[PDB]
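First, one chain by itself in structure tokens, the form deposited in one PDB entry.
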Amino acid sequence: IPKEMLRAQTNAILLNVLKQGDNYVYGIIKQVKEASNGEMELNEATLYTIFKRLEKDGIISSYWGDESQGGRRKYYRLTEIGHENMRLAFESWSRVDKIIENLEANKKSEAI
């Protein structure tokens, strides 16, 4: 599995987890660990790197939590731009499957 594809996957995951609600990193890693039957330990480093991009792009935003409790954790939130990105990713990928669909279709066409 190429690293490019791994980080693309981690991205798909994070946008999705934040879709279901604002979260923090230790929490995000834990929920995916659970939702993948132990199998998927996300890499803190890759998360951090991704959040800098996604914060850059305004796909996510962040705020401080747990300050009332003596803490200072960082909560992330999917933005509207966030939801738009995910929509266009979906639509975009669906368009690609259709192009491939049509390639396979036209192949079987010439075979006739």
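Basically, rigid core = biggest C-alpha set you can superpose within 1.5 Å across the two forms. Numbering follows the first chain given and starts at 1. What changes on going to the form deposited in another entry:
- When two forms of a protein are overlaid on their rigid core, residues whose CA moves 2 Å or more are considered shifted, and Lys19 is not one of them between the two forms.
- Remark: with the core as the superposition reference, the CA shift of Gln69 between the two forms reaches 2 Å or more.
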The other form holds:
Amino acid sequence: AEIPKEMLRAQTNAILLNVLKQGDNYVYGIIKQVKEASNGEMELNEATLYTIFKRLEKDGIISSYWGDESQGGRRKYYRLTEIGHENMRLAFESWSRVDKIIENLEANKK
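Could you drop in the structure for the form deposited in another entry? We only have the form deposited in one PDB entry so far.
Nothing else is written out below except the one chain.
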């Protein structure tokens, strides 16, 4: 229950943070880029993103600001900080190897 949940959370955070590695972005831009990159297989809800963005801004990983702002509406953009990137450096490098590890294990068993 909790273990699988943590895995799904980490994968989502991983993805979201890679989007922000590509550039400052807003919730709808992010949701769209993830839907395209997963071919419709991962369409995130706004509320998921806000809870995630809340935690991540609380852990210093992310920042927010208003980027489009007029009398008819505004849009909040989220940005990966330099400190966030360094916090995540080790976690990203390890992620990049997880797939090798799995394939190797599958090889080295069978």
